Amino acid sequence: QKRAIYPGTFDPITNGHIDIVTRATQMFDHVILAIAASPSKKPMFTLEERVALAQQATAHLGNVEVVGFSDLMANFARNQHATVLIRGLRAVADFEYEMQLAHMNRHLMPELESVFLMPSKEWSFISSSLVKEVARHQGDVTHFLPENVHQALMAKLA
Amino acid sequence: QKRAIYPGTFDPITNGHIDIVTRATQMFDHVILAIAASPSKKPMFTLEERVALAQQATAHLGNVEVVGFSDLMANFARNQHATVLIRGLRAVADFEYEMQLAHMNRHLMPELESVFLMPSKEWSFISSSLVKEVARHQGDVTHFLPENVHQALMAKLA
Amino acid sequence: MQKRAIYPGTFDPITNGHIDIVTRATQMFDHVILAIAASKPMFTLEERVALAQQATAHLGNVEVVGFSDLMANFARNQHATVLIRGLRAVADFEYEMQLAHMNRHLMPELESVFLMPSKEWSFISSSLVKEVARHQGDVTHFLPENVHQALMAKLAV
Amino acid sequence: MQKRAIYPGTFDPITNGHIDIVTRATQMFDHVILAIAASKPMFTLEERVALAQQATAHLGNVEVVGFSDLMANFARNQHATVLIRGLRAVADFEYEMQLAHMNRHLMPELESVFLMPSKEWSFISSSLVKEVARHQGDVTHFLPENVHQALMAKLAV
Amino acid sequence: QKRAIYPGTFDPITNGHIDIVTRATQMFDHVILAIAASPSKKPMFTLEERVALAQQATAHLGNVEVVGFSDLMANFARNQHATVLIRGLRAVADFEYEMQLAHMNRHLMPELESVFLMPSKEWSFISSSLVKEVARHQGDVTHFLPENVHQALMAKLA
Amino acid sequence: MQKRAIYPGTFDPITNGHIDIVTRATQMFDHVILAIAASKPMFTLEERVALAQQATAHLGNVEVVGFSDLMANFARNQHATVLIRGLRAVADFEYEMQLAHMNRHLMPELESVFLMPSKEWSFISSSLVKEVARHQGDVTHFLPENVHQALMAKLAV
Ligand SMILES: COc1ccc2[nH]c(C)cc2c1
Ligand SMILES: COc1ccc2[nH]c(C)cc2c1
Ligand SMILES: COc1ccc2[nH]c(C)cc2c1
Ligand SMILES: COc1ccc2[nH]c(C)cc2c1
Ligand SMILES: COc1ccc2[nH]c(C)cc2c1
Ligand SMILES: COc1ccc2[nH]c(C)cc2c1
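First to last, the sequence lines map onto chains B, B', A, A', B'' and A''. A prime marks a further copy of an entry chain.
When the letters of the first sequence are read in order and numbered with the entry's author numbering, they come out as residues 2 to 159.
When the letters of the second sequence are read in order and numbered with the entry's author numbering, they come out as residues 2 to 159.
When the letters of the third sequence are read in order and numbered with the entry's author numbering, they come out as residues 1 to 39, 43 to 160.
When the letters of the fourth sequence are read in order and numbered with the entry's author numbering, they come out as residues 1 to 39, 43 to 160.
When the letters of the fifth sequence are read in order and numbered with the entry's author numbering, they come out as residues 2 to 159.
When the letters of the sixth sequence are read in order and numbered with the entry's author numbering, they come out as residues 1 to 39, 43 to 160.
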């Protein structure tokens, strides 16, 4: 049983995130989608909201477990008995900061291997931040979000 | 009549912005310099201030129209009957975020073509943020701003 | 208000990415010159011109021409005031900025405009397509039908 | 749950950076094929395979094989569903993203996975090592002992 | 007597900073480690705290002088009679912003030459921000900080 | 307190960007060696040295020398403790970081220092200048007078 963790702020989870976690489940026996509380980022949705949205959005994937956490990433991964940490790679600025995080996590937990997946071309130019920005100005983001997430984002901004 | 829109926060408009809008007017019949309210960015100048500064700074360009807006970019462009969106390209981090915005705008308004211009070497290393930072510490920024803007920035910080 | 734009490249061979860019250019400017450089291409200049002409024949305001001068020199003699460049990724951007500053030095009245291809074509180039096809990979999706036929014939011999 | 992964490259010659990557891969996947491309290398394909075999003999689930097809074609015929790529810096990232989208077009069932080397090996490549050694620089730290011996012999003649 | 200035926010000073300033002292007769007040960055440590930490962390380097400042960088460098400004280069996003700052400083003080040093591989993936983030979640950062700084960071977060 | 710095490159030919960098170096360090690598240049090593000498003769503390060893080996034998590199754009930065870590491995006592050229020269290189000039573009602004004369003569034949 190979266990992988897919951590992030997921504020909110997008179709880009869904693509990454789906490809993770095709590679590893069990995938933990781990939502960081991230108070420093002032998330639009609470951790409880983000967990519920991701749970509904991944219910069709049998080997996904959605969990919220505030611990240090490396500690949470060890405590989940994960040996693989999944991250999606979008742009150069993401890549460089991801290298930093990966080298720090390797110092904290050497047996946790960071692996990067590339999203579909369809999602390679979207982010949670960009979708929220469009929605803040009432633009149509139905294409970029799971149905349940779109409703919740519309409701939140209403 | 080809109509182009040059959107941005313009907080405040710099000589780099003046260079871009000038080259836009040499290419398209009518250029709308569109100032986004951008409350999330906490602009130093109000939208009304930024519009007045840009109006004075572009008065010598006959086919520039300065307008403020809070709508979604794509909607404002459609409502202005613009089919070209101008953006200046400065650095790598700008380029990647501009690609995101352009692909999102293309989803929202497919007939709005995003085109990028390269500023003069003189302005390729300045930004509104950098000029404000120098001025906050009382450094001489006369070279980087239109006369009216420099006065207003000096007055604002006084 | 009648702008002449030039879209230069080697187009060895022209891809759907090039077709995307030139199509966007024709919706923006009155006349677009698709300019094919004479200089070790897989296809000859005459082949590259003929392929590009057939692939753009449906665009009424495209003119396909070959050139061997410095691009700026040809643009000047063609009375172009707009230079079309497609931007795919960071790597192009950095090299295109260099070329844009050189071209502005050589011909100040030629404005470089950077267009963005569809996500569908943002990761391809003529060189990658040729390499994949040379090594028995499927590139049908990335090329006009006429180019695909010509590429298969070229690789068969 | 028994994943077959392929780690392709020219490995001319295999470095400690490659050893780092393939070692990480073997801790993640059941079987890893270290696939050496036939195509102007300093070492012949037979030399490169023998060097890589000796340098990975301690890894029980590594299989070193040569191939001359398109990488995706070989991966398909090997029933690999995971493609291992090492990421050193921004420059690789940009080119690897291109290749990853092409490989997904060619073989959708092959997932590209990017691994990160130790800081120790993040700035080296086979080409840089060869260039330094060719010009009388010390590269002992960057190579397996067997490769170091073979490189010295090659440069002596 | 060649005088160099190594400016930054140093919130807090890391082993990466120590590496850079050490290599600066091997190249120039006198190095001023200059700590910017940086109120816009909301530093975790006060300027007085950051100065004291850096002073203790560099006490073994005889030709380092630690000073705090709120002036414009170029003015402070001129007033220190420095003709070399040291900056460490970590990642692409740093590099581009450093080019901006260097070209602005060259406009403000042409005789102040900006020079960039590359940190050891050991520190090329750490930053003050990343260390603080790990420590906020109680992760072990002993490896990345001078002893006195680690204690102060532990105490601050306690 | 008497630092010896080396500024290595191919300088084929030396440009105003190189002159900018070496001038900045001489204002920082006591002695600067402009080191020209022997290795398919447009100008011979003897031409490149003579061109660089004339273009820097006004700088009293510059020494122009040719070398064929590994750059680090030559720097060691010259008792240089400072390595001068010019940084133009992101692309250089990424490759220079690689080289800097290799050079630190080869000669730990050689510190790499990166200088920034004027905005005027931030987009040029010897290769771009040669390519533009080869294709009948004006490069007078980017070169010392003596180099411009020599480049015209070289391209005439
Ligand atoms: C739970 O939230 C976080 C947020 C940022 C984080 N960075 C690292 C290294 C661990 C971590 C955990
Ligand atoms: C008027 O202000 C804005 C600010 C950011 C924006 N992003 C997009 C896609 C549209 C928009 C409008
Ligand atoms: C960016 O400007 C240029 C300069 C020279 C060029 N040659 C070709 C074939 C395309 C091109 C574009
Ligand atoms: C990223 O995918 C590829 C494609 C072709 C390839 N050839 C070799 C030798 C390695 C490789 C990797
Ligand atoms: C003392 O603090 C600062 C902070 C940012 C700064 N930028 C520039 C150009 C000078 C300066 C000084
Ligand atoms: C960055 O370090 C190096 C290494 C080898 C080098 N060769 C030449 C001609 C310049 C140079 C610089």
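For the record, the hints were derived by calculation from the structure and aren't laboratory data.
Careful: at least some of the hints might be erroneous.
[Said to hold, decoys possible] When the alpha-carbon atoms are kept at most 25 Å apart in a straight line, the in silico PhoX-like pairs for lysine-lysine are as follows:
id	chain 1	residue 1	chain 2	residue 2
1	B'	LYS42	B	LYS43
2	B'	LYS42	B''	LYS122
3	A''	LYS157	A	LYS43
4	B	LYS43	B''	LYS3
5	B''	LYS43	B	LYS43
6	B'	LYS133	B''	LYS122
7	B'	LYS42	B''	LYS43
To see whether the hints hold, each was checked on the structure:
1. Restraint check: the Cα-Cα separation between B'/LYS42 and B/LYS43 comes to about 15 Å, which is no more than 25 Å; the hinted pair holds.
2. Taken as a hint, the B'/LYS42 and B''/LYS122 pair is broken in the structure, with Cα atoms around 36 Å apart against an allowance of 25 Å.
3. Distance check on the hinted pair: A''/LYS157 and A/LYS43 sit about 23 Å apart at the alpha-carbon level, within 25 Å; holds.
4. Between B/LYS43 and B''/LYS3 the CA atoms are separated by roughly 47 Å; this puts the pair beyond 25 Å, and the hint is violated.
5. Restraint check for B''/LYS43 and B/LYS43: satisfied, since their Cα atoms lie roughly 16 Å apart, inside the 25 Å limit.
6. Restraint check for B'/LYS133 and B''/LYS122: not satisfied, since their Cα atoms lie roughly 35 Å apart, outside the 25 Å limit.
7. A C-alpha spacing of about 17 Å is found between B'/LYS42 and B''/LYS43, which places the hinted pair at or below 25 Å, so the restraint holds.
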